[PDB]
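Q: Spelled out, the chains give:
Number of protein chains: 2
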Amino acid sequence: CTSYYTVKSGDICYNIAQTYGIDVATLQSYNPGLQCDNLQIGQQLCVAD
Amino acid sequence: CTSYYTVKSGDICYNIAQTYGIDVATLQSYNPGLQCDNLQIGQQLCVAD
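Chain order of the listed sequences is A and B.
Last residue of the first sequence: 50 (the entry's author numbering), numbering continuous.
Last residue of the second sequence: 50 (the entry's author numbering), numbering continuous.
No wet-lab data here; the hints were simulated from the structure.
It cannot be assumed that every hint is accurate.
In silico DMTMM-like pairs for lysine to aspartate or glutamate, Cα to Cα no more than 25 angstroms straight-line [what the hints assert, rightly or not]:
no., chain 1, residue 1, chain 2, residue 2
1, A, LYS9, B, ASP38
2, B, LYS9, B, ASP50
3, A, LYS9, A, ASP38
4, A, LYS9, A, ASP50
5, B, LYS9, A, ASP50
6, B, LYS9, A, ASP12
7, A, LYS9, B, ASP12
8, B, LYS9, B, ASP38
9, B, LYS9, B, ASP24
10, B, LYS9, A, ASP24
11, B, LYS9, A, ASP38
12, A, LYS9, A, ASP24
Build out the structure end to end from the sequences listed, making use of the hints.
A: Following this line, the structure appears as structure tokens:
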């Protein structure tokens with residue numbers, strides 16, 4: 002992982018992904034076992050590789 | 002809380018508490034509500050105080 006995004010209050014996977022120019026599946030591929038229904042505040046999500 | 006840890010692919014609550022010295026019981030007392038199968042990738046765990 003080159004780069005991380007930190008979950009903040011009310012963030013959803015779709016928008017986090019759009020912010021980085023990727024789609025949710027790619028975000029998922031970057032984060033083994035990601036659970037978009039269940040993101041935690043401060044959770045760090047890879048957004049690069 | 003004094004110190005933190007960021008969950009990576011596959012981490013189980015046992016290896017984590019071990020790595021940082023401590024017992025799972027102690028880990029779970031630093032983290033109110035904690036499903037040790039269900040650890041979110043990139044979740045912030047407390048490991049001290």
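Q: Hints first: check each against the structure and report whether it holds.
A: Going down the list of hints, with the structure as the test:
no., hint, in the structure
1, A/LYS9 - B/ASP38, "holds (23 angstroms)"
2, B/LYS9 - B/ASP50, "holds (22 angstroms)"
3, A/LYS9 - A/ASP38, "holds (14 angstroms)"
4, A/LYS9 - A/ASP50, "holds (22 angstroms)"
5, B/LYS9 - A/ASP50, "holds (15 angstroms)"
6, B/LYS9 - A/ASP12, "holds (20 angstroms)"
7, A/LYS9 - B/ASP12, "holds (23 angstroms)"
8, B/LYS9 - B/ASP38, "holds (13 angstroms)"
9, B/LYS9 - B/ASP24, "holds (19 angstroms)"
10, B/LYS9 - A/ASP24, "holds (21 angstroms)"
11, B/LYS9 - A/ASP38, "holds (19 angstroms)"
12, A/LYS9 - A/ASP24, "holds (19 angstroms)"
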